[PDB]
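Protein chains: 2
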Amino acid sequence: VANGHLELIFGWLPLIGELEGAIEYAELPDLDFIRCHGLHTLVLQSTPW
Amino acid sequence: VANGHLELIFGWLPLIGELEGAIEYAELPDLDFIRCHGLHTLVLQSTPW
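Going down the list, the protein sequences come from chains C and L. According to the UniProt record's numbering, the residues represented by the first sequence are 202 to 250, in order. According to the UniProt record's numbering, the residues represented by the second sequence are 202 to 250, in order.
Only chain C is shown next, with the shape it has when bound in the complex:
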């Protein structure tokens, strides 16, 4: 049983490395930019014709 379990652990080892490498892919500081806009008006004067 010991020889069968040690072999399985050894075979597991590389997948753990791949998963760890994938973990580092999540902490990459990358993003974009957000924008907004605002307007307002004020009627001044008016007259008929």
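You can take every hint at face value.
Label pairs and their in silico Cβ distance ranges:
#1 219/C x 236/L: 40 to 46 Å
#2 249/L x 208/C: 21 to 27 Å
#3 249/L x 241/C: 51 to 57 Å
#4 204/C x 238/L: 18 to 24 Å
#5 236/L x 218/C: 40 to 46 Å
#6 208/C x 248/L: 16 to 22 Å
#7 224/C x 235/L: 55 to 61 Å
#8 237/C x 244/L: 53 to 59 Å
#9 242/L x 228/C: 36 to 42 Å
#10 204/C x 224/L: 51 to 57 Å
#11 249/L x 227/C: 17 to 23 Å
Incomplete in silico selection of chain C near chain L, CB under 10 Å:
#12 205
#13 208
#14 209
#15 212
#16 213
#17 216
From the derived model, a few chain L residues whose C-beta atoms are all more than 12 Å from chain C:
#18 207
#19 214
#20 221
#21 226
Keep in mind the hints are simulated off the structure, nothing from the lab. All residues carry an ideal CB built from backbone N, CA and C; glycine is no exception.
Got chain C; can you put chain L on it based on the hints?
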């Protein structure tokens, strides 16, 4: 007695012939063969879906 025992042993002689023949028959070198099998396995991995 000297003649009777001689006749008796001469009559016993032939039986020793077939007895030695059977003894030789018991030494005949013969035999058959034996053959077997076997199998060991090991799981690799698994994931959900």
